[PDB]
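The chain contents come next:
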Amino acid sequence: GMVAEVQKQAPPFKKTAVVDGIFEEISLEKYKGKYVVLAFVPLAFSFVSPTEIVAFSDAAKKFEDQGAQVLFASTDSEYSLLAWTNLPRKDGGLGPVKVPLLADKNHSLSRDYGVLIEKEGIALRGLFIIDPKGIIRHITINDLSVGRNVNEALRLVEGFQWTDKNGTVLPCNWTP
Amino acid sequence: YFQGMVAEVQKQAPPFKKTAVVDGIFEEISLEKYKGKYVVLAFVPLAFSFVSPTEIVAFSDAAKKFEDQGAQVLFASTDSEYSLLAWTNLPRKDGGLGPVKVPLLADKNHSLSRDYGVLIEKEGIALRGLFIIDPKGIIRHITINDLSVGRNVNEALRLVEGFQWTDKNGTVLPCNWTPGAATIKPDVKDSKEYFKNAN
Amino acid sequence: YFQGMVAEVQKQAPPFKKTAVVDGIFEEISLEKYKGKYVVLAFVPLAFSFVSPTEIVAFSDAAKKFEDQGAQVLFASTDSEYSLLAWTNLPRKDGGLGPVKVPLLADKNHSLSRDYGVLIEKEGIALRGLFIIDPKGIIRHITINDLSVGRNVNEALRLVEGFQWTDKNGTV
Amino acid sequence: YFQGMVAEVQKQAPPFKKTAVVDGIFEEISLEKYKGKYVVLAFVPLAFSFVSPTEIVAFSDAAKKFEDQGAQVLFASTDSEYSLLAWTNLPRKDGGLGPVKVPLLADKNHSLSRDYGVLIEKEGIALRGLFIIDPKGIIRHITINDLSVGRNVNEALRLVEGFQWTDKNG
Amino acid sequence: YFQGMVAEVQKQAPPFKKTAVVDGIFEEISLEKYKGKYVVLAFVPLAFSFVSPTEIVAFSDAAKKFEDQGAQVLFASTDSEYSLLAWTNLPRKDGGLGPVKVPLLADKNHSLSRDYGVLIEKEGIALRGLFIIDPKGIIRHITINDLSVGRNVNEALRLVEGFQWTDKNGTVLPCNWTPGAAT
Amino acid sequence: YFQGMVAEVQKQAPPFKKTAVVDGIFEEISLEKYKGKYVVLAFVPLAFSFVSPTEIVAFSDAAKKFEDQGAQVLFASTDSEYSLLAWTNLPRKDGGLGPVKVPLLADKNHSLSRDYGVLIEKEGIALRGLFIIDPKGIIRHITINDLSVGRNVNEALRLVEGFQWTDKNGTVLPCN
Amino acid sequence: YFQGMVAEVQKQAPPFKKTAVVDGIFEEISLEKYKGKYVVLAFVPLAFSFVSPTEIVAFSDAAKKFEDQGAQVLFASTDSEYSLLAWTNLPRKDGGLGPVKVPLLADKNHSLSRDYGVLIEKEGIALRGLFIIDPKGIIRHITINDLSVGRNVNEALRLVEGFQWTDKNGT
Amino acid sequence: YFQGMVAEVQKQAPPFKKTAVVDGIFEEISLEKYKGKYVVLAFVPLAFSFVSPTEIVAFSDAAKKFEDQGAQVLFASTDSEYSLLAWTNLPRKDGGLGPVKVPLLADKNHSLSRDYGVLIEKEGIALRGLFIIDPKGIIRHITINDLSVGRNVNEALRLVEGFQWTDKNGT
Amino acid sequence: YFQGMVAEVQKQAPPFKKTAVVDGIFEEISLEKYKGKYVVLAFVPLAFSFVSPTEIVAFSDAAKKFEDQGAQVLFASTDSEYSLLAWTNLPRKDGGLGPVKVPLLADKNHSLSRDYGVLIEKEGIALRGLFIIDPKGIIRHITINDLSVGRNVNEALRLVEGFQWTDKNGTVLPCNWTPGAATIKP
Amino acid sequence: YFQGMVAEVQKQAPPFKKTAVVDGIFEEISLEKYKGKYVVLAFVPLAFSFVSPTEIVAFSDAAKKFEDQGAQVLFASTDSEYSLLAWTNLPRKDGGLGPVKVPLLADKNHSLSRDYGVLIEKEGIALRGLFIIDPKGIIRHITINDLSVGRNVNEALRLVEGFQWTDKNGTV
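If you're matching them up, the sequences are chains B, A, C, D, E, F, G, H, I and J in order. Residues 0 to 175, numbered by the entry's author numbering, are exactly what the first sequence covers, in order. Residues -3 to 195, numbered by the entry's author numbering, are exactly what the second sequence covers, in order. Residues -3 to 168, numbered by the entry's author numbering, are exactly what the third sequence covers, in order. Residues -3 to 166, numbered by the entry's author numbering, are exactly what the fourth sequence covers, in order. Residues -3 to 179, numbered by the entry's author numbering, are exactly what the fifth sequence covers, in order. Residues -3 to 172, numbered by the entry's author numbering, are exactly what the sixth sequence covers, in order. Residues -3 to 167, numbered by the entry's author numbering, are exactly what the seventh sequence covers, in order. Residues -3 to 167, numbered by the entry's author numbering, are exactly what the eighth sequence covers, in order. Residues -3 to 182, numbered by the entry's author numbering, are exactly what the ninth sequence covers, in order. Residues -3 to 168, numbered by the entry's author numbering, are exactly what the tenth sequence covers, in order.
Excised from the complex, chain B in its bound form:
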């Protein structure tokens, strides 16, 4: 019974995903050695979620510079997620994108990470930062009406990279 918690090992997974208009299986294991930023969104074709995906996608290189893979996830199917990329951003779609979109249709991923609203069948806006050994170092969970902050995710990755490399709490006046 997987329950995502900070300081403990992330629940593993293997999910079908949309990777450049194509289906691919993605595991967490695939990315051992890198940091992973796993972000959940509620609903394909909804309102805040497309803006979040678009924002992290555009900063993909920044994450890649900090040695981190961004992954998104929802309880929608890989076909809905694929149609979602084929829909232009001006129409509340994603346009093509540079981060995988994992399909959690049997809800095991959201449940394992503790973000499933069981009455609705959707995830909350949960974000998890997972380190190269698979340990969860940070959790953010937002109620549905308020989007997350890309920079905050970047700050944290860089900060945990730093305290990992050096073996110390951050300097008194550290910034990214």
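Calculated directly from the structure, the hints in this document are not laboratory data. Where hints are given, some of them may not hold.
When the alpha-carbon atoms are kept at most 20 angstroms apart in a straight line, the in silico DMTMM-like pairs for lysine to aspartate or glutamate are as follows [unchecked claim]:
1) 89(H) x 90(I)
2) 164(E) x 24(E)
3) 13(G) x 157(F)
4) 164(J) x 130(J)
5) 164(H) x 90(G)
6) 185(A) x 19(C)
Here are the computed distance ranges between Cβ atoms for each label pair [what the hints assert, rightly or not]:
7) 90(E) x 32(C): 49 to 55 angstroms
8) 21(G) x 19(E): 55 to 61 angstroms
9) 163(B) x 19(J): 28 to 34 angstroms
10) 150(B) x 21(A): 36 to 42 angstroms
Incomplete in silico selection of chain H near chain I, CB under 10 angstroms [claimed, not checked]:
11) 42
12) 86
13) 102
14) 103
15) 117
16) 118
Where a beta carbon is used, it is the ideal one built from N, C-alpha and C, also for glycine.
Chains A, C, D, E, F, G, H, I and J: place on chain B using the hints.
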């Protein structure tokens, strides 16, 4: 809320009543006391230790900015009220924190930390957890950091003002929203205006 | 009906109240809404999938025949209302579904699919199940197809037409 | 399959071994005896009743058409093999079934009906269930009718052909 | 008696209510219908079986003797009422039962055979049990026969007349008395 | 047969080993002692009381007829072997059953009555049960009478003879 | 007393109601019938046995001495009332018991022997137990012998006179 | 015998190993020590109390007779071995017990009295029970008196002699 | 106190009612008899042994000092009232206890030792536990020694004086107050 | 000892391994470390509490006397090692504990206070318990005082000598 339950977003916050340090004397503080205001509840692991001084100082400095958004900030740890008092009293040279403008709650029996799901049982201390609780007692946001990196007081403010907004206006806030930025009406037709002006 | 029960022929159909796409808007649809009418409840596995659309159009094209027989057709899948809505806005030629004349019920929390015993738990999707519910809420018929093969709209009509003749005449 | 389980699309059909009536004499029929073939298993509620004969006759008459699809039709009911035999020896004019081309299986202890989820427990009879089983023993389709309306033989043919086609191709 | 109980001598007979074939039509027969009377419930072999209904016609031929002693004979099997009906409509010369003068109860859900402890669960048929139930619903005699051998109708009458004699008078009956007395 | 099991038609009869009165002395009788023969086991409720003498005498007087059919008759009650011995030894003028030609088994501990389903728990006596067990130990027939009406020795005879015919024993006869 | 309890000293005696042979007839006997008297309840294993007869006889003979102590003697076995009567109808010289002045209780359903803790389950017979029950229903003494050795009338009298006395005088 | 079992006639006696007073000295006494002999195990409720010393002295005085019959007498109470010792060191005129020739066993943790079914739970003392145990360890007799009436040393002698005889001769 | 609860500091003391030797006579002693007073309850293992007698005499010799502090000493063991009486009737020169000025409670059914957590189950004797119980029934102090070392009568007097001072002079500072509050420095 | 077990006289003492403040630095202290020696484990007042600190100081001043008797004194509280450290660094002239000559163990996870029976669950603090443990690890003495009154260092010494003596000889 029901006994045995851990803090969760969209659910009622675990109630509490704790002895706290408030301007150099002790005062009992309850969540109930603030029903009607937003509450920001932040945990720290240990008095007289590493990252927590900067965090507490940052949030205490911003206390006026939180009140201007109708929010009360509260800090908690598994230390006793006597240690927390000492922490605020002692000169800097004796590793003192200085007086702070927020209450410091003593969770020495560990019930608050356990109820909010931030206790490291084996260690007897809380992770760097932060909770935003709305005026009805519902948890709108959860942050939990491992111990080595601190939190960002500006993000906490952003988020408070964010839930105040969606509460007052019933719009919804895009990614990276700041106060005044475009918001979305959560209706399939009305939302299109936003997606056009944004692209 | 009792909670925890799965749909069975001769028993009260599991009640439900679901959000649905009706003519490009959202409407709440319960089973109870249709006491006194036959209901034909059809499940499909996946929006933006392949066999599901051709079936939904068969039945949509046939809505008037059912309406004549005093019957309401309903489709459901485990997709959200937003995905189902987008499906219908995508034209039939572009790989979409196009608009249709039968409600599309969103079973995102899986309760409907589970109550009717058509959920594939590991997949998050419903088999191709079809249920005929009579005016008193009793299930009179059950079809479940594996995923590769679509159903037959003339069978649905045949079966509705039949159960009405037998209800009305006392014979078989 | 695990005993205690009920028939379900995408899963292994429950196995069975039953005395049946074939062309006027008794014979044990099992599901195993038909691996490699599609199997159309259809239940009827009662021998010497009124809707079931017409159904059986329609499927009997179509017997060759199923054989041409790699398919074996079986009927079963909770009647004894002795009632089922007497049922076929009573000519149709006389209200009987007459002879037919399909085995009639006798589920007198009820295990088959219960395993396939068609038993009406308080009545001791089966509903009008029909199951399509592929050569590998997986149920590809389930039809269950209430008692007053019969099934469609052409639809069962249509389905078998359909699952064969997608089995081999896409 | 209690639910799930089985039939036992000195105890209350499990109640029942079953569709039956009577004079070529369907009728509902309960034990309650015969309060005040002795009831002889016999379980009989599968309809149309290769065994023979000579036992059934014996009790049928005897029905009025039981009647005259204030008893009702009932038969039961696990066949449907439709099968039993067809059985009676099939003349004996042709391999059937022909008409009979006692109710043929259809225990197609097997509850009767189970409650009376004669059900062979794996075959779905009943053994040839016979039960004598008095006017208060108490079982006074049980016979259970293997499927091969028959029961003796006159011996069942003897037993009825005996329990009647000993009920009415409070005596006991070691004496073996000729049955079939005219009344 | 398994332990805790009650006597049932078509199943193995419950084994037993009981002390019996046979021609004025004691003997151990087990069912096992009569494999190959039919066995007719009959219970009575009480030594020194009313209908059981007539039954025991009827059956005793017929013992040779039963032997002629390949069967052994046994009677049982919950009386001790001492009460039964005394019952056979007593002078009629006083109530003596007298000597009899069938064993009287002592079920003082009630295990026989219980295994065969005929014990009246509250009374500590057996109903008038009769069992016919075939040479293979299979029960073929059960009669149980309430206490006020006697059994028919001729019917037990008829029945044994009937089972000897179903057994055929090298003879093929018509359905009659 | 609670149901399923076994006879125990200082505790209330399990109640009973049993058919018995009294002076050649059948009479229901309960313990209640002697509330106010001491009761000496003795079990024997078997009618038409060998040790038990002589025990009952010694106790029937001395039944005078007992009633002079406000005490009722009662015997019991798992035999039926018909066996017990037959046994008493059969004279001693002929290997029986002969008539006796103390009731003989029939515990054919075994509940009495089981309740008083003397039933040999595998045998369906009672050990040679003897229980002294005071006027309030309290067991004040228990003897249980194995089958091969009998009891002693005088020891039962000694115990009755004794509890009589200490009850009267608290010493 | 199985753990949790209580002493019952025809069954194996619960075993024990207990500190005892044996002629002013402390000695461990087990039942196994007496395999081959009869054991008469007698319980008394309370050192420095009343009925018990006369009983113990009667049995100690008969020490001889019992050994003639090949039997060992043991007494036992829930008192400690220090109270028991002091009991025998207190002379009898001075309300003590004086010296005695039977072991005095100390059941201060109560397990012996519990196992032989004589412990009065609420009081922490044993009833006046006596057990005759044969050379094979089987209990052949049980006596239990309420506290106010004592036991008869002759009856125990009789019973031992009785079971000796039937062991060797049948009948 | 709930039933089956064991004695703990700050919690209600397990109640009891026991037969006791008081001045060569039997008397029923309950805790209730002494509400309003401190109670010092001390356990000893065994009548007619070596260490226990000198503990009892020490406390007996000081019973007036205890009375002056408003306290009652009670002693207890798993011996019976008859053994205990005999113990006191046996002079010390002869290896007994002598008469004493404190009750000796007979805990023969072991309920007292079990409830106060000092019973050695396998041995049927109490450890050397001492408990101080205040006038409202709250256990304020527990001491348990192994059998080989006796206790200190003056330490019990000390503790009672200490609890009676706390009871009359409450707390160190007023409610919520701190030494630093209401003061100004540079 | 078995896990879950509370400290009892005559039984093996619950083992422990705890971070401790010793001469102003952190060190792991375990019971196992003082096998051979007697151990006097005393639970103390919360760091920075308003109570007289003289109890702690008496035992620290007596440390050498305990060492002279083959005994090691330990203190424990539910405070963290950082609070304990700030407390010993704060001189008494400023209201602290000042440096002490015995280990201060931090039981911030409460296992020690719980294993030893002194934890007040509802308050997260230990009562003033004192345990004397012999070189085989057996608990020989227990004292538990309500929070308002102190322990007597002399009594602790007496008891240690008493047990040293009765172990070396046999008598009281």
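Hints, one by one, checked against the model:
| no. | hint | result |
| --- | --- | --- |
| 1 | 89(H) x 90(I) | 17 angstroms, holds |
| 2 | 164(E) x 24(E) | 31 angstroms, violated |
| 3 | 13(G) x 157(F) | 47 angstroms, violated |
| 4 | 164(J) x 130(J) | 12 angstroms, holds |
| 5 | 164(H) x 90(G) | 29 angstroms, violated |
| 6 | 185(A) x 19(C) | 14 angstroms, holds |
| 7 | 90(E) x 32(C): 49 to 55 angstroms | 51 angstroms, holds |
| 8 | 21(G) x 19(E): 55 to 61 angstroms | 57 angstroms, holds |
| 9 | 163(B) x 19(J): 28 to 34 angstroms | 33 angstroms, holds |
| 10 | 150(B) x 21(A): 36 to 42 angstroms | 40 angstroms, holds |
| 11 | 42 | 5 angstroms, holds |
| 12 | 86 | 7 angstroms, holds |
| 13 | 102 | 9 angstroms, holds |
| 14 | 103 | 8 angstroms, holds |
| 15 | 117 | 7 angstroms, holds |
| 16 | 118 | 6 angstroms, holds |
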